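Number of protein chains: 2
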Amino acid sequence: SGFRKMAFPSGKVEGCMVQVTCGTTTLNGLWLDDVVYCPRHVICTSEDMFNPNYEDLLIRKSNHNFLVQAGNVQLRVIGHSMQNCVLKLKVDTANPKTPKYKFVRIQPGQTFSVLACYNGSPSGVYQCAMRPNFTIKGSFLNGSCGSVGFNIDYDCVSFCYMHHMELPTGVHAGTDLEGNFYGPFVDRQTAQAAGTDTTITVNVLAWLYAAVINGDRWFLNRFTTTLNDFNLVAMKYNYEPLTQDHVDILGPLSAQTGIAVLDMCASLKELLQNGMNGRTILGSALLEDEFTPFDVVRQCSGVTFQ
Amino acid sequence: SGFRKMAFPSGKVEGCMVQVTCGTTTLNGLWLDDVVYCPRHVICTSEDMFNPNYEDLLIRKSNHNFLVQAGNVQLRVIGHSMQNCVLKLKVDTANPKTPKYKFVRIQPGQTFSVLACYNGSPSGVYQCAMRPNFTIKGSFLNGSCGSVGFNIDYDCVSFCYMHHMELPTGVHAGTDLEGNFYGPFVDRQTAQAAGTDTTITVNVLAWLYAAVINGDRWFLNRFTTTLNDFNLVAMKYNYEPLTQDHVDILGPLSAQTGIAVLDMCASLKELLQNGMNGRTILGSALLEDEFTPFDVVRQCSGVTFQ
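First to last, the protein sequences are chains A and B.
So for the first sequence, UniProt numbering puts the first residue at 3264; every next one is plus one.
So for the second sequence, UniProt numbering puts the first residue at 3264; every next one is plus one.
Keep in mind that the hints were calculated from the coordinates and are not lab data.
Take the hints with a grain of salt, since some may be wrong.
Since the list gives no way to pick out one identical chain from another, each pair is judged satisfied if it fits inside one copy or across any two copies.
[Unchecked claim] Heads up, simulated DSSO-like pairs for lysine-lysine below, C-alpha to C-alpha not over 30 Å straight-line:
no.: 1; residue 1: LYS3400; residue 2: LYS3532
no.: 2; residue 1: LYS3351; residue 2: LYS3400
no.: 3; residue 1: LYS3363; residue 2: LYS3268
no.: 4; residue 1: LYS3351; residue 2: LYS3324
no.: 5; residue 1: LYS3353; residue 2: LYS3499
no.: 6; residue 1: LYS3532; residue 2: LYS3360
no.: 7; residue 1: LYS3360; residue 2: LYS3268
no.: 8; residue 1: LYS3400; residue 2: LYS3268
no.: 9; residue 1: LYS3499; residue 2: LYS3360
no.: 10; residue 1: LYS3532; residue 2: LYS3499
no.: 11; residue 1: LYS3268; residue 2: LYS3365
The task is simple: from the sequences and hints, build the whole structure.
Listed below in structure tokens is the structure:
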């Protein structure tokens, strides 16, 4: 029993974290097969980040300038290239610690594990979610660029996030591992407004679904409410609307609790309209939108990777 | 920046995660050098768990009765022994994935990362704290005994936990790696009492300092309160008492922020008497006792002026 925000075992990823130093900048790279992925902004120093023409900045550049190193061993680039907002560079030797892996871009509301790294060495691991305004709530300090976001299925490690920078509203933005930013964001350092954020409803539903799994009944209430009055009180309290698709993703948990996915919405309305009235669901008076239903099953079943 | 319950990279431990099977029972072992550590009650059937004589059960069991496997390849047990409530298995070959490590006992209110395991295969990583009543609130289903607790300091993984059981209120109890349970518990199906639990004061005090690092002071207050009448309203709100030593380890967070531990103490007492009035400190309407001041420094860099 018990329920905790849970990260995947970082082990398959740690082996790919390397330090890249190009000029005055140092950040982290992803050493997969025989190529290192890292944020496009390694070629530019911290002073000229206002508006660099990155395409022009690379035209003069050559392989030899880049010092990519694994722990202590140094590596040389036999080919450099820029795809979107990464700088994928082919190195002399492959990484034999490369796991089975996939590149994926995830849609707002999913969750993943982050492996924070500073100067090529992982420092920490935690669990976040792509916010509906295309941000994340991370812990990233200086020298943390290129720290990755990932999921695991069996042997396979699908990477889904690579860190680029911090917004003036405290949050972070980056790209997918194809180098394409998440959200109305860009790398060039500018005032980008962290859009307004809505609560991910289906993920709050799932966390209530961990709750009755864990043996919490406080919020339970019998009377039910229409599908669309949910969408109605959803927009009222800045909650993302439910679709039938979510009702189907909740299907797997539906039978296991024995509650219809609709009835819990009504108990949710009780939480949202009446407030928590000073009590706790799964050790939180906060409604939690940072858990997807795959997240809840992985913890109540206890699936594994190896 | 930002603040997250963050675990250490579990990679160094995963290489030691191994499966142990005795009879009909399977749980996890800690494969360090050429010995596997695991909870002693794997020699036990569900029948003898009510009252076991472990010495007798272990003589009856032999080298060949123990099956330790790498999720894949089998390993050979050429020696078994019992240290308190663990079970050292001298295995034929050493583990070339052995980290630098320490066997360590931690004090209540300290924190560590747990790597949950099932059939020798990891499932997840998260952050905990040994509670003052000597429990932890984990995520543990069946087949998770022998999941270890660890920290990482530079290279070495100071080990501090091997999980044994679940208490009737949902929480968990286990041992150190010398085999000694934290708390008045032992491995025997009995009426085992989960003691009453108090909140870790020093961690909340520290956790307020992550909040002023965020630079939001809504909780900061003009009102001051004395040091020792606090220890009194502490027992009133079931908090373990603050000590001066606690304040000296907390001092480093004080000096870099410039807040005296006393006024943060006063803001806390005022905070608990009237409540937060529906506002949130670091995205939580619940106070956090699971962050050490070392945790707060490990996550906030800070600097100190003199």
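To see whether the hints hold, each was checked on the structure:
no., hint, result
1, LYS3400 to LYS3532, "both (26 Å within a copy, 29 Å between copies)"
2, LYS3351 to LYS3400, "within (26 Å within a copy, 43 Å between copies)"
3, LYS3363 to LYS3268, "both (25 Å within a copy, 28 Å between copies)"
4, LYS3351 to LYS3324, "within (13 Å within a copy, 56 Å between copies)"
5, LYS3353 to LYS3499, "neither (51 Å within a copy, 63 Å between copies)"
6, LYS3532 to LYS3360, "neither (49 Å within a copy, 51 Å between copies)"
7, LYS3360 to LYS3268, "both (27 Å within a copy, 28 Å between copies)"
8, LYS3400 to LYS3268, "both (14 Å within a copy, 12 Å between copies)"
9, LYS3499 to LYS3360, "neither (49 Å within a copy, 54 Å between copies)"
10, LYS3532 to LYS3499, "within (11 Å within a copy, 34 Å between copies)"
11, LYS3268 to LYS3365, "both (23 Å within a copy, 27 Å between copies)"
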